[PDB]
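This document opens with one chain alone, in structure tokens, the form solved without the named molecule.
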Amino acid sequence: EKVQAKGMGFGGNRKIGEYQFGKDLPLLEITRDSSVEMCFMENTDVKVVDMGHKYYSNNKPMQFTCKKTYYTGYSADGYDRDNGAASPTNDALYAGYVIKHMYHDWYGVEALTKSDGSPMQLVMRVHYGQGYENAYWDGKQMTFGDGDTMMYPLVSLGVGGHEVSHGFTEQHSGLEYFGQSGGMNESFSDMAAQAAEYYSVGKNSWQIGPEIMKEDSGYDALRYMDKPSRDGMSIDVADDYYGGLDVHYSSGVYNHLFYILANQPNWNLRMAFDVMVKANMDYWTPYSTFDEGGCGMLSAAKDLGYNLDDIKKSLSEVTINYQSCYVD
């Protein structure tokens, strides 16, 4: 029989430093089978799969010998070292914890939900591929590469929050992953990355990926939410959108919008994310334009009792014309 247990071990990487689960952060929620002295990187909410640098797997949980707490890793030392990271599998289990609990504690919702409304386990596929410099959502699970020359393993709170939140979006508004809706989809995932950081450690970087870009790569971050165009390709305002702009660059519009809103007088990140989550759940449609997206935010803010003037001001600063769909 499998019962709950606690895992001790390490996380982080050469860029941000190493930390320890059981000292600097909580112990990991693992499962154990006494009868065989085997532990599994899995709990009801999150399962970590060690892809073993392959591209396909049966999705059995990562299992390690454990002869109430146990060191993680195949050598029971707390490590699963890879491309400059201490243990991407430990970090993935914790990242799933954080994103699950942010959505549940702040919104009373399951991060991932089955069609019948019951909770869907977060399946985190780690060690995916050889030198794979990407992470993605595929409609049922989240997949994370170990990186190569530009990036450390793509397992952090922010990247995990981004990828799980593609699933949250698919299961709520369904924003399609191209055009303006796709820019919004990307942005919502970048906003959730920030929410995961803030929920867990009480601060967020306003950047995507600084914790996983290698310092010798020439890049400090993948994206900047305070001024997206700092990366040389993303746009800061909707008027700079054009058809064919990649979703990872048109995401600047709603990333900048979220930054602006969260920093208005008497706002904060949580309030701004409250508006975006409620819009995702209740108003945004699969085909949304940036403009319709702003109308959804105003309707969501009205439902929450928040100040619509602050929403309108932020929308106008990113050149969104909400008047087509919201008249008051």
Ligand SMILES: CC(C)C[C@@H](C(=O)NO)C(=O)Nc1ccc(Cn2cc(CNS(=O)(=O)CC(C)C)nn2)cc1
Contents of the next structure:
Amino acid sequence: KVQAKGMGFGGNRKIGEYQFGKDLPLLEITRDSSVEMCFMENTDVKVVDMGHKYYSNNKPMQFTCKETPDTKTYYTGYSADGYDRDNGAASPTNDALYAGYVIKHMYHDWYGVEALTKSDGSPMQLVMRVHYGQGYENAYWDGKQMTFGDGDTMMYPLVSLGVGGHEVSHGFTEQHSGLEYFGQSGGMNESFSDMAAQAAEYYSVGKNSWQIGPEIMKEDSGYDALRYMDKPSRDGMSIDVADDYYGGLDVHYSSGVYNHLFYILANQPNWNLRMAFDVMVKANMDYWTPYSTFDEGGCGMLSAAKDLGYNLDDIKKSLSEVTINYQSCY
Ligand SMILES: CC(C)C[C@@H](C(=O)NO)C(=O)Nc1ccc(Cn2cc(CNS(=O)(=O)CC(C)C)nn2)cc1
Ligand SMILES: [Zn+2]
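Given the form solved without the named molecule above, produce the structure of the same protein in the form deposited with the named molecule bound.
In what comes next, the whole complex appears, and the chain from above leads the way.
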């Protein structure tokens, strides 16, 4: 009913905990005074507390919010203390509301586009389903929303800026190139989402890890990260070059090709992450097709780089390093 601000915590025991309202911005929430209730929703982002179930009516997480001794600001959580603790994270629900804000703003500030749009053309609200399932060690895009488990023994809750950027960006891809979720195109689809994870981190804080999931891997698990973009094969399953691709290799392992490509391109002399992501975003919007092969995708990057005025010999060197062929790209 009215806009309001939320104060509370985020993070986890591995990367550290922080405060919305001190370290990061206050959260944008809503309040209905007729019932003294606040809702983890704003125009752009809604957080659903799945309550460890697999299905929900998708109503926003709602909590009592009342004035206390000293828009209005309220502490988040069902106990009005800023917390929503689960599996070593301070508040996955606060982190998701903030994650959606950052990803929306990255696409707007860097590209002037909506992260998600409806079929009718209008902006589409980012729906973040948190606390999904029991011990669910994954997160995914389902065609209309983003779903995050709370993890288990190997992972903390899967709500971080990078994971949020990854999942939202599956929707961005679906609504642009439409890269299909199998074969080579599916590896490119997964890769673009890993690229967007890096972009979200760089946009927010000016540094990115070149890894996927280090902030959510439990230290006792023995894995520093889920994926490594500098050398995908460090995870024991992903591939570093297109010559190692085979039919049936899962999209989360064939993503190594474009992940490695993105790392290589962003680290060329005179390049950086932003320029590399500008090429990928433009290719996703204007050139890549739903059944793209890795080679056809490299031709789409060359056309995007030409549009942007970037150096095509730097693109070609990067494609060559991941064994993508471009001899037919004319
Ligand atoms: C940061 C991440 C959470 C992002 C997330 C993603 O990309 N979202 O869009 C991702 O990387 N997921 C993912 C990675 C690998 C596989 C391949 N694989 C593993 C297994 C065995 N485990 S399992 O219990 O069967 C399935 C699990 C996953 C429940 N089988 N196939 C499947 C999913
Ligand atoms: Zn994914």
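Residue numbers count along the first chain shown, from 1. Basically, rigid core = biggest C-alpha set you can superpose within 1.5 Å across the two forms.
Undergrad: Core fitted between these two forms: which of 34, 57, 44, 268 shows a C-alpha shift of 2 angstroms or more?
TA: Of all the options, the C-alpha that shifts by at least 2 Å belongs to 34.
Undergrad: If the core is used for the superposition, what shift in Å does the C-alpha of residue 115 show between these two forms?
TA: Here residue 115 registers a C-alpha shift of 1.1 Å.
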